[PDB]
Protein chains: 2
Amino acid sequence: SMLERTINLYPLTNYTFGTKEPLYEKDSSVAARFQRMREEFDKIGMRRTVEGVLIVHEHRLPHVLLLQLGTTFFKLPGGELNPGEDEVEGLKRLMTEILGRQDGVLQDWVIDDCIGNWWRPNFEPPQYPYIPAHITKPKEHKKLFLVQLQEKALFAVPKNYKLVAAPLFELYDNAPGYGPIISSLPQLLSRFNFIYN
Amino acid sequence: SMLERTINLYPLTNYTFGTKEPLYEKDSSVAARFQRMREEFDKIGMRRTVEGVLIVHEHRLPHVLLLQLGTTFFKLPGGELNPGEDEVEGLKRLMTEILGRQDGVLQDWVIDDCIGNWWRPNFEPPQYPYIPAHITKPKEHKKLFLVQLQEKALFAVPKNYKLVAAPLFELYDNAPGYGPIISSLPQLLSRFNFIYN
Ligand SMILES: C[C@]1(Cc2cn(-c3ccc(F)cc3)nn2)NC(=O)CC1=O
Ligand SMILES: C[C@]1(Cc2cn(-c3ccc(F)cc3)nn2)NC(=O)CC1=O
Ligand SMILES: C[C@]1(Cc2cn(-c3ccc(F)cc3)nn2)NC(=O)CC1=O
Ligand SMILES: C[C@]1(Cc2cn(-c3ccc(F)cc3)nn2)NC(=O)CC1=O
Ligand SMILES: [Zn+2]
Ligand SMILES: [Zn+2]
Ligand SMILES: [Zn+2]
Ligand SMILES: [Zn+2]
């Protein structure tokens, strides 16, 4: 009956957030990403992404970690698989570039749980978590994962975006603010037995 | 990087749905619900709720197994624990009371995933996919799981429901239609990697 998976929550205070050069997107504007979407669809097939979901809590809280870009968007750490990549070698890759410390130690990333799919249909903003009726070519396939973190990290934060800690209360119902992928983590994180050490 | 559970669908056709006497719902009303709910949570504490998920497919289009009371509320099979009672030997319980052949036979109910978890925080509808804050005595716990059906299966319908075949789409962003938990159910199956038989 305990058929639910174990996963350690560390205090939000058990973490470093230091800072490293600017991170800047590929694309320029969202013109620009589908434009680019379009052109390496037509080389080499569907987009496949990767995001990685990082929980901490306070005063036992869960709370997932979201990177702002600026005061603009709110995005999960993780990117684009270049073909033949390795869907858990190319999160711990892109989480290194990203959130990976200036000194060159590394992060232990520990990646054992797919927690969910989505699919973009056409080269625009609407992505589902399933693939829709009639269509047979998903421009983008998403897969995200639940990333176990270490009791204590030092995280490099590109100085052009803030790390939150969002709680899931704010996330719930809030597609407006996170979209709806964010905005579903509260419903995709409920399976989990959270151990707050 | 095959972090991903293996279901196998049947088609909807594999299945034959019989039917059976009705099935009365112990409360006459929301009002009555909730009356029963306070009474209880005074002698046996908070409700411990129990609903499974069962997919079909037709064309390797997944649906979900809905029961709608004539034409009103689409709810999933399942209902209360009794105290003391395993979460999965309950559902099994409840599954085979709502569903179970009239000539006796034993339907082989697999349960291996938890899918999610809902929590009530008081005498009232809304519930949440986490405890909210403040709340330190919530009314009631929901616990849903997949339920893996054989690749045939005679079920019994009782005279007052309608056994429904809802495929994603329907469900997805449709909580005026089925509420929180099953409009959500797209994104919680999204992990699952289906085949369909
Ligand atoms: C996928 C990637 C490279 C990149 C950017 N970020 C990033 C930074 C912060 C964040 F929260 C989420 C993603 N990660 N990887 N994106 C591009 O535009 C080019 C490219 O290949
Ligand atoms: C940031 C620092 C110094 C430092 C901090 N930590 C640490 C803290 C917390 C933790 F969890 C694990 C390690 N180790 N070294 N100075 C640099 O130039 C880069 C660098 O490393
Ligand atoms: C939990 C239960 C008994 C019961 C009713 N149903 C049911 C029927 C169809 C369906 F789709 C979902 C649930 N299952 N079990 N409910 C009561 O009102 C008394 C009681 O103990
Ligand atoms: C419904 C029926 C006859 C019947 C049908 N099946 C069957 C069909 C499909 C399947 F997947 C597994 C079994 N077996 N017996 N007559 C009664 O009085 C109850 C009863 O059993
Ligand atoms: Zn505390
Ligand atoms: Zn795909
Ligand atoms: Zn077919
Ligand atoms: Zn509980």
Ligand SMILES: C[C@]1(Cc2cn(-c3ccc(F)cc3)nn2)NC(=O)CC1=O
The other form holds:
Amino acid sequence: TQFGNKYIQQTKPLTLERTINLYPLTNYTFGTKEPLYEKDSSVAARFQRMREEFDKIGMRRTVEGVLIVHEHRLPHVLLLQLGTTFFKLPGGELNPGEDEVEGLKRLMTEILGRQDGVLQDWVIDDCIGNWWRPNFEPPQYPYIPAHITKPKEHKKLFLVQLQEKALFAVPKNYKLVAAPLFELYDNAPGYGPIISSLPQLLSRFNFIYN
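Since the structure above is the form deposited with this ligand bound, I would like to see how the form deposited without this ligand looks, so please show that one next.
What comes next is one chain alone, with no partners or other molecules.
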């Protein structure tokens, strides 16, 4: 309208400047819930299950959420530690035909969703990267390698935007840590290729401290 106030919006397109709110770690409350044990009792049991499942429902589709907070204006990724030395992002396997984002909201709620009844919604608007697994082996890559026509798994990473305050419940078998970016950066020996390239995957975001 030319007969009224102009409500000024961010000028650059969201493709060019994507602004994201980070709140302090101390804004969040953490509790404990029942342990979530893995579907696989060992490595062998797991690439075996991965082969079997591949034959009768196709390529495995995984989604994972990157949750970010800050401490004195420095971004930290929330990582689940499966006992000493092993870290994973929240997320997991999509059901057949399941929407990626609906699937990740499902999985975020299972792993970290509060128990006390206060409903906790997840804001998931951004894809931050993609990883493919060309064989039934541990190795993954941020592209589909040459001559790979039937990748065995496809993993999609998403930025999960947190509310100003929230309560999370951590399954008993896990510890939650907040890893600063300098800790992840150039540290594949500590976190693997996927987690340790998060700093890079996060660098395009214009973070707001609060």
